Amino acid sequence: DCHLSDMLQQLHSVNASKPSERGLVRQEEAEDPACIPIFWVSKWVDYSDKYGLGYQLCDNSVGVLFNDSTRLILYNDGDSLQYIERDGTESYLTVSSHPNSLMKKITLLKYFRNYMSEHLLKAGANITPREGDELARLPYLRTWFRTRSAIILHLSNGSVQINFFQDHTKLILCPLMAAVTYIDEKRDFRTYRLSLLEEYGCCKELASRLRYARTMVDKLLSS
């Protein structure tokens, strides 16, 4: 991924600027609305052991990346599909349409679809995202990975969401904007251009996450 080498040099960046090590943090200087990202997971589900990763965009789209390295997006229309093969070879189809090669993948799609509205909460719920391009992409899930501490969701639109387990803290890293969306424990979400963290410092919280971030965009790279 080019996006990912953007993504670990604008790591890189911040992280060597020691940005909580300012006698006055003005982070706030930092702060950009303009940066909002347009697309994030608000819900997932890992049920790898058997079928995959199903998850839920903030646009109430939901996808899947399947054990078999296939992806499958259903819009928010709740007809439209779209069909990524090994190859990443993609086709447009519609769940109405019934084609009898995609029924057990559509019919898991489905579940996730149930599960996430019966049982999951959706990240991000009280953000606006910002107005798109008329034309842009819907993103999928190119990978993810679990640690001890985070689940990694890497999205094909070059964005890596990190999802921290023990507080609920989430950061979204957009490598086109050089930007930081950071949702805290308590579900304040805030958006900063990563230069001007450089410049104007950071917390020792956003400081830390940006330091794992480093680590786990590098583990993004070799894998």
Given for the second form:
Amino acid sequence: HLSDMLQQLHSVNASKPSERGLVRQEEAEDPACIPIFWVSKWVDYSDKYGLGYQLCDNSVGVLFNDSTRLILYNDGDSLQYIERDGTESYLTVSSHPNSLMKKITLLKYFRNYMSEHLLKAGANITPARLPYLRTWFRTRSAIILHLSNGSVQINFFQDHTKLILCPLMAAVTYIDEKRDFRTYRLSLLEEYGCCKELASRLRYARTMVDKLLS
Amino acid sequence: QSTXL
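Could the form solved in complex with its partner chain be shown next, to go alongside the form deposited without its partner chain?
Next comes the full complex, this chain leading.
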């Protein structure tokens, strides 16, 4: 889906949407395309262990340094372990192999840290296969998060704005600096235009999706 | 880390 996302972003950025004669950004809004899943908190502990994260349904996950993943569902008991080749296993906290005790303990450490310290992004949105974090990286400006359902999320450090790109819907959700959450069809952004701030962030997103492709 | 509460 990354190449589809790249093509969608190219088409919208090529149209120079902030130069529309009259920009009508609101006409591009499509609340039906609001994503089900996004990353609502995260902690990069990759100097030792890896990247812990919360999804907006309050499930939590870790992408460990060895490229395995452990997901704890929002019931607090169901687990999914994903090996580095994508092989999935389904377990529980109450019945799991002893070989996973260290990673379960680490996941619990991340879950508790994020609960005690970090603000939930998108908490104002009222509530599908649960995705896992496929890969991530940071730049000077942002963290880029690639989920296994094809979504790409980009969180900008300076001003707290966020994009959630969904190539299946050809849509982008933008959370602005006031924490207002709006979802747009990319083709309608091409038609109706958008403000310079969003246009600028969609240009940066194309660059970031390009880096993911490699 | 993401942002603080």
